[PDB]
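Assemble chain A' with the ligands onto chain A, guided by the hints.
Protein chains: 2
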Amino acid sequence: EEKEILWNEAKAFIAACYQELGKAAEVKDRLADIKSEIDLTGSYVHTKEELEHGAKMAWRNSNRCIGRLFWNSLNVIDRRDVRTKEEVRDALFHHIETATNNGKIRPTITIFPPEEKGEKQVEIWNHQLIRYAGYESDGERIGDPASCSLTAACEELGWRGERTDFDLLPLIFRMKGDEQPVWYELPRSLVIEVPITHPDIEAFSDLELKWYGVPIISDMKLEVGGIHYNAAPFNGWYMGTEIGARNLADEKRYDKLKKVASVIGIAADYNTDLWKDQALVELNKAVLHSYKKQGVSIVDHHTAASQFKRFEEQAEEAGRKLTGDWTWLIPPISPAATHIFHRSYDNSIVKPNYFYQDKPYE
Amino acid sequence: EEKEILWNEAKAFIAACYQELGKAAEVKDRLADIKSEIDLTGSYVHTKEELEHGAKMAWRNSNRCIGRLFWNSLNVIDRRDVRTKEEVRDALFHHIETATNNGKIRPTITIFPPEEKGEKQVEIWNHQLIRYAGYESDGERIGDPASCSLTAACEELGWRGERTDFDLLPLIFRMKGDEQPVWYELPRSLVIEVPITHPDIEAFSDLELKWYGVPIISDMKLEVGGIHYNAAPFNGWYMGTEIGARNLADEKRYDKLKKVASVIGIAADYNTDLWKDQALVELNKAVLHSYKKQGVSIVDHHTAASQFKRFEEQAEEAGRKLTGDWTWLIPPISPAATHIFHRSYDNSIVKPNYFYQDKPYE
Ligand code: HEM
Ligand code: HEM
Ligand SMILES: Cc1cc(N)nc(CCc2cc(N)cc(CCc3cc(C)cc(N)n3)c2)c1
Ligand SMILES: Cc1cc(N)nc(CCc2cc(N)cc(CCc3cc(C)cc(N)n3)c2)c1
Ligand SMILES: [Cl-]
Ligand SMILES: [Cl-]
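The listed protein sequences correspond, in order, to chains A and A'. A prime marks a further copy of an entry chain.
Read in the deposited numbering, the first sequence has 136 at position 135, and its numbers run on one by one without any break.
Read in the deposited numbering, the second sequence has 175 at position 174, and its numbers run on one by one without any break.
Extracted from the complex, chain A is given alone in its bound form:
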């Protein structure tokens, strides 16, 4: 019944895809070719056109994403041809370079060979292609706590981190047939980072905060027409709150709010002073200012919500149902100042889409 699931997904995808591409007349013959191919080989192979539009539809269907207005301009890189670790490594390096684009970030996805029969051809261990290591031992915490398990796994493979608060994790991935993943250090010339300063508060630089330019999610599966692309890293540019209200502020992440309060010169003693809220706003102002000053793409949550409003309007105008997850779409700073907060969204799952998958380590 594996094949029947595949055939059914394929039928729905090809019909929808070709309809959007004005290719509806070709659906008939294409599906026949696909049915023979499944009968024969147990699977089928997407055309470049199908793969590209599939990855775009998958972004368009991502309920939790506020950035979807730009779904149709996704840059899709087809790497279904890779067979070696060196090719995978080089393709990941290339993704970083071309997505970064000297700071003018290009939303990009690199697509590797798909699962054959649930059997991965390439298995990426990183959560993002660029991320900081984390350490916790003898009560001492260093770096990003979110990376502790992956960092420990890396250090089992012969890697060693410098134990700064911002060590770049190496790329780590496993090839079909290999028992152990390989790891490769990131060339620093490929990785843009932004030091965090504040537009008005000179002392903010005393915190010595920085973040990386481009979030490149590398642990999710792209599913298109029943084909499972478990290895298909993708990136956008950041919304500022992701850095300033989550990565740097969260108590289980960099946990910087008390330090922020101190450098902006407010007490951190009384809940009624709303010092956490004030620190959050100033940290978030600093993040946006810093990315802008450096010429690295970023969007603030107000502008992002306005773009998302246009996405909603575009969907209605195209006759497409809109799906969304309110709990993820609202920004974590002043959510009620956005239109998103004041409406509801159908959280139904539509494919093609991106999905969570089990981690290959613990």
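Since the hints were made in silico from the structure, they are not lab data.
All the pointers check out, no bait thrown in.
Pairs count within a copy or across copies, as identical chains cannot be separated in the list.
The calculated DSS-like cross-link candidates involving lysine-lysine, where the alpha carbons are at most 27 Å apart (straight line), are:
| # | residue 1 | residue 2 |
| --- | --- | --- |
| 1 | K259 | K310 |
| 2 | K310 | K257 |
| 3 | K310 | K253 |
| 4 | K29 | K57 |
| 5 | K310 | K260 |
| 6 | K259 | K293 |
What follows is chain A' with the ligands alone, placed relative to chain A:
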């Protein structure tokens, strides 16, 4: 089948209520009495003990309420004895006085006679017992836009507002048998208001903002054991964000953020400046400071969330399932700084509870 719905709700309520009250042995005889009474009269009458605990359970089951830690100290006033408009009016005046308690607010509910056969005995028109009128005509907007329809209805009944931004609406309610509601002006001596000032920014008083002390919801139905108390106004004290991030900030309410930005001396020109977020924090700081300075009860969203965490713990320790609506429980200012944001809640409906009902006017 009306009766069967009633009997079934009654059975579940009485069993649960008496169990919590350590009265489980009396459930048997009480249910027999109730069954006879329903057979006879089509309904049944709660004991004072049942009514009081029922209203408390209803608060405890209110999924959208962050204030539930204090459910068991609700002050329940039994006014099932009222028969005249003067008695209803006087009971509403009394509720305001005793709930206000010179600023040390007491969570209180006044319970009027229940619906007989869907037939209301008392029909309250106000959304809250204390609220400001709103006007919109010839492009001119005055007061609270949320009150526009009710205000227009009042002005059909012979009332006239002064058309300040803070006119107190009169009490308005209808008795069974009467075609028209009556209205009564609130004695100003009963109504505490708080002028909004900022702890550090002297100019904030130039905005001439104020709000009323006590939110007394008067348009919801209390349902206990199948009995429908459509008229049962209840109050708590405010959480500061309700005033500073909703009532005064919302574009469809008092819409004060641009004016706040001006008095705190920041530009309101660029989304990336996060001026709306900064204005929201300062307005919210001002609200808490002002209520505290005046000696009127209020809670900030951090303290409220910590209290709610204790409510969760208390529920687990008592063996009670917890229900909640994440979308209402998170505060609209720095939600991710509260524990609520980082967990999920079962939004199932448990009775006794408070419910929306159709408005008696348009
Ligand atoms: C172009 C700039 C982009 C911005 C500003 C953006 C913004 C965001 C934000 C802020 C979130 C997380 C919301 C939260 O934590 O509550 C998110 C989630 C997501 N975005 Fe986007 N995004 C962008 C591009 C992309 C692209 C190119 C894709 C894929 C092709 C994508 C797919 C997703 C997915 C799948 C999630 C959910 C991840 C999960 O469930 O863990 N986004 N986006
Ligand atoms: C003691 C102080 C109290 C505080 C601070 C408090 C806090 C709140 C807040 C902030 C909300 C709205 C959340 C939002 O808009 O997202 C709310 C909703 C609610 N509260 Fe409470 N509350 C308190 C007391 C009470 C009492 C005494 C009752 C009833 C006996 C009650 C029942 C409710 C109900 C029914 C709602 C939802 C209203 C609706 O659906 O429109 N609360 N509470
Ligand atoms: C492609 C892309 C671009 C872009 N700018 N941002 C993303 C999302 C990045 C992201 C990364 C992590 N580690 C966690 C979350 C959600 C954290 C989270 C967790 C839970 C549980 C709830 C919630 N609201 N948010 C989101 C993807
Ligand atoms: C007894 C009691 C005490 C206390 N402190 N606060 C309340 C709630 C008062 C309240 C009043 C109004 N008008 C609207 C909302 C919800 C506004 C709202 C609407 C929607 C649609 C979503 C959302 N999250 N919030 C809440 C009751
Ligand atoms: Cl991130
Ligand atoms: Cl209110």
